[PDB]
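Number of protein chains: 2
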Amino acid sequence: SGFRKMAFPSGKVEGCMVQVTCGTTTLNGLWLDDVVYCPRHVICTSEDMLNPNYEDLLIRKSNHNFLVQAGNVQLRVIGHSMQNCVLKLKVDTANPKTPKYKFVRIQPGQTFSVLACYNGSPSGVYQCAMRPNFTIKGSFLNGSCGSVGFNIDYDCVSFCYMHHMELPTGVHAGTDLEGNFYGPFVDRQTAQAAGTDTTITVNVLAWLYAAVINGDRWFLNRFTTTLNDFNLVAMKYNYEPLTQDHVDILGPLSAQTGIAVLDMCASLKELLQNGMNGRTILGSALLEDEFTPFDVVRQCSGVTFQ
Amino acid sequence: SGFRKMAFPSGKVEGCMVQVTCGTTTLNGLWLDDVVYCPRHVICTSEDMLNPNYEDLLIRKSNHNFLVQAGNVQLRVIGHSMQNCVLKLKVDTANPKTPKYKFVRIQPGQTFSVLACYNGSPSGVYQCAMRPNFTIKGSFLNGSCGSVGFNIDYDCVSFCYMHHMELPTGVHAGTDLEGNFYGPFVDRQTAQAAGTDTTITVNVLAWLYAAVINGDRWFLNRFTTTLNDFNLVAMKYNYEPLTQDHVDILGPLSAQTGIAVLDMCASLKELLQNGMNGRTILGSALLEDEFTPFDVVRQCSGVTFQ
Ligand SMILES: *C(=N)[C@H](C[C@@H]1CCNC1=O)NC(=O)[C@H](Cc1ccc(Cl)c(Cl)c1)NC(=O)[C@@H](NC(=O)NC(C)(C)C)C(C)(C)C
Ligand SMILES: *C(=N)[C@H](C[C@@H]1CCNC1=O)NC(=O)[C@H](Cc1ccc(Cl)c(Cl)c1)NC(=O)[C@@H](NC(=O)NC(C)(C)C)C(C)(C)C
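These protein sequence lines map, in sequence, to chains A and A'. A prime marks a further copy of an entry chain.
Here the first sequence stands for residues 1 to 306, numbered as in the authors' numbering.
Here the second sequence stands for residues 1 to 306, numbered as in the authors' numbering.
So that you can see chain A by itself, here it is in the shape it has in the complex:
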């Protein structure tokens, strides 16, 4: 029993983190085979950030302008290129600890583990969700750029996020590992702000199923509702609409607990309208939306990785 914000084991990723220095700027890089991936803003000075032409900035660099360190070993940079907003540094040595991996662009609502790093050295791991407004609510300090987000599927590391910047509201923005930003953000210092965020409805329902599995039943009721009646209520409270695909995804949890999805929706509708009234669910006094249906299955069934 029990339910925690659980991250993936980070060992396979720790062995791929390196330090990258260009000029006075040091941040983190991801070393896979003979390529080091890092944010391209590493090549900028303070004067360039207002409107950088990255093609010009890169053509004026040479391979020896890039200092790449793996622990105490210096890696020799033999090539460099740019893909969207990531820099790819080719090095003379293939990382012997390269895991089986793939690169994946995730959707809002999905969750992943972040390995927060400073100077190439792992500092901590935590779980977060890609919000509907394409930011993440992370924890990052100076020097954390190039830290990556990932999932593990059996034996395979899926990299989905590389950290680039913090926005004025204190939330975070970055790219997939092919250098495409999530959301409307760009790597030039111009006025940018996150759009309004919404609550990830399918995840709240997953978490209410987790509560039932763990013995929290006080919010259940005998009613049922329809998708369209539920969604009319969800919209008013700034919740994402529920689709038939969401219903199907929750199937395994409905089956294990015996409570129909549309039954659970009537409970959520009541909680939205009357509040939780000084009660808690799974130790929380707010409805939690950063667990996917798969997170709940994994943690309430016991899936491992090799």
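Hints in this document: simulated from the structure, not taken from any laboratory.
Hints are not guaranteed to be accurate.
Put simply, identical chains are the same to the list, so a pair is met inside one copy or across any two.
[Unchecked claim] Straight-line distance between alpha carbons at most 20 angstroms, and here's what the computed EDC-like set of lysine to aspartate or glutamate pairs gives:
hint: 1; residue 1: 88; residue 2: 55
hint: 2; residue 1: 102; residue 2: 178
hint: 3; residue 1: 100; residue 2: 155
hint: 4; residue 1: 137; residue 2: 216
hint: 5; residue 1: 100; residue 2: 14
Based on the hints, put chain A' with the ligands in the right spot on chain A.
Here is chain A' with the ligands on its own, set in the frame of chain A:
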């Protein structure tokens, strides 16, 4: 900016987990140098648990009754002994991935990372605190026994917890790595229940400092209080008393924010008496007590490990 429930990177510990089978029971073991540590209840059958004599049970086993697997390699057991409630299996091979490590018995209020494992394989990592009643609020399923809790200090892994059992309220009990239970629990199936829990006051104050560092100031006020006036209020709300040592530990956070500890205490006193009134702090609608002062410093200053 930002603030998350952050666990330590787990790579150094993943390489020490093995699977241990005795009879029909399989659980996890910790392989360091040429010794595998695991809960001694692995040697029990269902009939023995009501009142096991572990000395008798162990004398009737031989080295080949213990099946120890590291991935796909079988490790050959060449000796076995018991230390308190842990079994130590001597094996013919020293773990080449043994980190620099030590064994530490922690105090209530301290936090640590748990690497949850099934069949020797890491499943997830999360952070928790050893409660004042010597339980932890973990997340564990069948087969998780022998999963360990740890901290990292520079380059050294400090093991502090090995998982043995779940109590009827859904919380968890285990031993240090020398086999001594935390709390009044014993490994015989008899009626046992956790004592009443209290809230870890010094940790709540640390977390209120974290909130200030991240821009949540609405709960501050101009007042100050005394230790003895604060503690009189804390007692009524089932909070641990605050000592002068607690005050000193919070020094670094007081200094970075400019708010005296006893100033912060007057804010907490107000929050206890009037509630948070539908407001949140660091995204929570309850006062959080599972971050130590050191956790906050580490996450709001950026300490890494090598
Ligand atoms: C990366 N090592 C570091 C991580 C930051 C520090 C605090 N929290 C974090 O997540 N980020 C940077 O160095 C980054 C460089 C940069 C500047 C400008 C642009 Cl457009 C990009 Cl894509 C990257 N700086 C910042 O994140 C910066 N924020 C902004 O400048 N944001 C706007 C205004 C461009 C939206 C600070 C947080 C002010 C350092
Ligand atoms: C270990 N692999 C497993 C982990 C459990 C499963 C569910 N959640 C967990 O944390 N634990 C056990 O196999 C354990 C064996 C055992 C039995 C009896 C005693 Cl005294 C000890 Cl120290 C260990 N069983 C249990 O944890 C058991 N709980 C109790 O029997 N608890 C009391 C009544 C002895 C307090 C179940 C949770 C019922 C399986």
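For each hint, the structure was consulted:
Taking the shortest alpha-carbon separations for residue 88 and residue 55, only the intra-copy value of 14 angstroms comes in at or below 20 angstroms, while the best inter-copy value is 61 angstroms. In this assembly of identical chains, the alpha carbons of residue 102 and residue 178 lie at most 20 angstroms apart only when taken from the same copy (11 angstroms versus 41 angstroms across copies). In the homo-oligomer, the alpha carbons of residue 100 and residue 155 lie at most 20 angstroms apart inside one protomer (7 angstroms), although the nearest pairing across protomers, at 27 angstroms, exceeds that limit. With identical chains, the CA atoms of residue 137 and residue 216 are at most 20 angstroms apart between copies only, with a shortest distance of 15 angstroms across copies and 27 angstroms within one.
Taking identical chains as interchangeable, the C-alpha atoms of residue 100 and residue 14 lie at most 20 angstroms apart whether they share a chain (14 angstroms) or sit on different chains (17 angstroms).
Of the hints listed earlier, there is not a single one the structure fails to meet.
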